[PDB]
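Enquirer: Residues per chain, in single letters:
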Amino acid sequence: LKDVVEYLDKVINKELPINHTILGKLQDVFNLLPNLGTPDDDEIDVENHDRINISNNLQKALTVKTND
Amino acid sequence: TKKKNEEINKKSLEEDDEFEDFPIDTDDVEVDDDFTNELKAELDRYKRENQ
Amino acid sequence: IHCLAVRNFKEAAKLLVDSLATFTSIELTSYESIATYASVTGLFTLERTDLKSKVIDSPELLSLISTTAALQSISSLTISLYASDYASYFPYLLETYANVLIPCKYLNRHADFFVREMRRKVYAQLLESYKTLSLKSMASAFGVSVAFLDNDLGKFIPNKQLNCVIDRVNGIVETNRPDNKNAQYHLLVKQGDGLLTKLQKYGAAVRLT
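Residue numbers (PDB author numbering), protein chains in the order written: chain U, 204 to 271; chain Y, 17 to 42, 65 to 89; chain R, 216 to 424.
For the record, the hints were derived by calculation from the structure and aren't laboratory data.
Hints may be right or wrong, so weigh each one.
[To be verified] DSS-like, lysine-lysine: derived pairs with alpha carbons at most 25 Å apart:
(1) Y/78 / R/351
(2) U/268 / R/416
(3) U/263 / R/396
(4) R/416 / Y/78
(5) U/213 / U/228
[Unchecked claim] Per label pair, the in silico range of CB-to-CB distance:
(6) R/402 / Y/83: 38 to 44 Å
(7) U/263 / R/278: 50 to 56 Å
(8) Y/31 / U/264: 44 to 50 Å
(9) Y/69 / R/410: 54 to 60 Å
(10) U/235 / R/352: 52 to 58 Å
(11) U/262 / R/390: 53 to 59 Å
Just so it is clear, CB atoms sit at the ideal spot from N, CA and C, and this is done for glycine as well.
Whenever a hint applies, use it, and build me the whole structure from the sequences.
Expert: Rendered as structure tokens:
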């Protein structure tokens, strides 16, 4: 990421050519960047509860085996 | 015989056993609600019907 | 008989419905008694469909008609519960108390819990199908005054089977709806809590050795 960043400085300061292809590609990165307060975000939270839930049942289940 | 020392030591800290001291010195409540319901049903009914 | 005799009905229903298929009177209370008793237990234990079928679509009970007054009352009750006719539910509830519960040696002791338990099941049932109802509506259907309903509802609510509140000033009855993933969550932790305690008790014991 750092390499991209110092490269952009050189374009508008050190007269490395304006290679339209590079810039063109960067637009997709900003458009398809994640967002919060989407009902997707709410969706992630439902999944997060599921996975922690199963983690606890399995944690207790090992406690039983070792105690035997 | 080992545990026994401890059992006697606890009792003594209590003093005797209170357990037996008390008798020497001296929704389960819910009424059947059927009886009250009978009265309720009948009073409402009389009015309802002849209204 | 051993089960009926005590409070627990879960076990009785299962043996006594079966005795409908095959009964032997030998040193055992006559079949007619068994018909009546099977029906009482029936109501208390099975859920909608299953229970209904067991206590109605039974060929035996239909063939036997209503030959004595006691078997009549209980069957009348069964009809009204199932048919969701809630006007006649309450008259039928009172009849079963006088003529079924008390002649019975077994349910003499258990009269108190039984009859009360029925008022709760029936109310739950009406509420299940309704987001909201009015007090005036609900009251009318049963045949009690509006005041009476409120009092008797305030018994059922903290005990919790109805799953409901009454927004009194407005006169509407709201039914809390946590039936979902939230429900399943709450239940599951409590069951987990029960396993957690046992592990400690046992752990601590062995650990001393």
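Enquirer: All the hints need checking, so say for each whether the structure fits it.
Expert: Verification of the hints:
Under the criterion of a C-alpha separation no larger than 25 Å, the hint pairing residue 78 of chain Y with residue 351 of chain R is consistent with the structure, at around 16 Å. Restraint check: the Cα-Cα separation between residue 268 of chain U and residue 416 of chain R comes to about 16 Å, which is no more than 25 Å; the hinted pair holds. Distance hint between residue 263 of chain U and residue 396 of chain R is fulfilled; the C-alpha atoms sit about 22 Å from each other, no more than 25 Å. Simply put, residue 416 of chain R and residue 78 of chain Y have alpha-carbon atoms about 51 Å apart, too far for the 25 Å limit, and the pair is violated.
Between residue 213 of chain U and residue 228 of chain U the alpha-carbon distance is near 18 Å, which keeps this suggested pair within the 25 Å criterion. At about 41 Å, the beta-carbon gap between residue 402 of chain R and residue 83 of chain Y stays in the expected band of 38 to 44 Å. At about 54 Å, the CB distance of residue 263 of chain U to residue 278 of chain R agrees with the hint of 50 to 56 Å. Between residue 31 of chain Y and residue 264 of chain U the C-beta distance comes to about 48 Å, which sits within the given range of 44 to 50 Å.
As the Cβ distance of residue 69 of chain Y to residue 410 of chain R is approximately 39 Å, the hint placing it in 54 to 60 Å is violated. Remark: the range hint 52 to 58 Å for residue 235 of chain U to residue 352 of chain R is upheld by a beta-carbon distance near 54 Å. Taking the beta carbon of each, residue 262 of chain U and residue 390 of chain R are about 36 Å apart, not inside 53 to 59 Å as hinted.
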